[PDB]
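A lone chain, given as structure tokens: the form deposited without its partner chain.
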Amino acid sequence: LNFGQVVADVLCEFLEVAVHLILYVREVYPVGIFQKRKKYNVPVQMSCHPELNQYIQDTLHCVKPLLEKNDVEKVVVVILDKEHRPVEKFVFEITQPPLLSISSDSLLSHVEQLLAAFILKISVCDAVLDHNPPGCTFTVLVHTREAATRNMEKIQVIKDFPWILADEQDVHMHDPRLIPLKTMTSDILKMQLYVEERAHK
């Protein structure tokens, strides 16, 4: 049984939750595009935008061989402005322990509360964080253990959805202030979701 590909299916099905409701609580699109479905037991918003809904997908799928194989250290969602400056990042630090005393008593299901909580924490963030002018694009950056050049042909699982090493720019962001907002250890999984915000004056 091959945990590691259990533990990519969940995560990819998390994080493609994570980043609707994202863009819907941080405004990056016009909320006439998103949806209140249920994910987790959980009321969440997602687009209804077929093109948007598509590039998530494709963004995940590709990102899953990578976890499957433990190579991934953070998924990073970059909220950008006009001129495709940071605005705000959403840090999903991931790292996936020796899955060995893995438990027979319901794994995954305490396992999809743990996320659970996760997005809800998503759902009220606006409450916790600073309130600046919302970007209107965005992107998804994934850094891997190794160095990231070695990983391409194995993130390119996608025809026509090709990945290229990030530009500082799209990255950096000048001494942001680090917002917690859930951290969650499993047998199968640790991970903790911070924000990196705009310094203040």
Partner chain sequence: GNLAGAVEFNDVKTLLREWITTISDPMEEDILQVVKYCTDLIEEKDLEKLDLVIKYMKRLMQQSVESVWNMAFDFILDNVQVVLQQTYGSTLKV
Contents of the next structure:
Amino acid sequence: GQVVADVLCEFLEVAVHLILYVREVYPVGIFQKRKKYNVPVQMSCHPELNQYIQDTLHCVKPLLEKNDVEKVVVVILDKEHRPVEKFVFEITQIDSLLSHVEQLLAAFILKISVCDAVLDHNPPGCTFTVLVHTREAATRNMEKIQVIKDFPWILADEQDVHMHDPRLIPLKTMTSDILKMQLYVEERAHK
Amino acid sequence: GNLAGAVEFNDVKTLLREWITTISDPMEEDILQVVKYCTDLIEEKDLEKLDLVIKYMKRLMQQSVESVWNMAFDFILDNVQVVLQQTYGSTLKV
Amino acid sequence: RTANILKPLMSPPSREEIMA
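In place of the form deposited without its partner chain, the structure of the form solved in complex with its partner chain is requested.
Below is the whole assembly, all chains and molecules, this chain first.
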């Protein structure tokens, strides 16, 4: 069921672009709307930013193939390179309705699109990064993820990760034969 | 600059000898811990330690009977080189 | 200090780089 990796990587790329739209990491003047999941989405048209997102999900896809990823996380960092909010895609993995699962992903997009309602404003000058939490610490994980030259990965320190006393804002959970995933946000207690 | 407790270098050289010499199949977790130790030396601007750590490990790991320690060394260095290539524009000599 | 968290070394382009 490595279709899941192909489906998830498509979805995560779309969800990362939308997350940076909705949280204002980047100017409105680089987004353009496009249709995924027969819901609209708002994707970047900046090449360097698009390359960073595609480079990242190119390296993750094979860890997804073996169900070796517990979480893919989009981290909003503050100007001090400190996490301020985290969008966590928590992942658990033939009556096969692959066609119906892709459309269950639309509800993620609509929840993401309206999530500034239920979240505090971020400090100005935020950037982001991507964390991949593996199910187990395995040599094979890092062998698979270092395939793009000029795009190496490292093991994150507690600084790349740690938020004191965060709040948890659940957004959407799905429960299928082939894809068990939920999206929740962790926001920093304060600014 | 942590390696599983040891800040002082000579202590690191000592945690790494006990580990490589007495244990014939290392857990992947500990190999990853040495890679993170090495990439942290890069962030913290200690290329001399980095060089000395690689040299110490290359001796001990390549001298092992157990072929696992040989492939663990290749793995460690591979993940250090790709960090150096980007952070410094270059590759560590041996 | 468990070692199961991977991240790109590289930063994405800064809000600056993009409005060139």
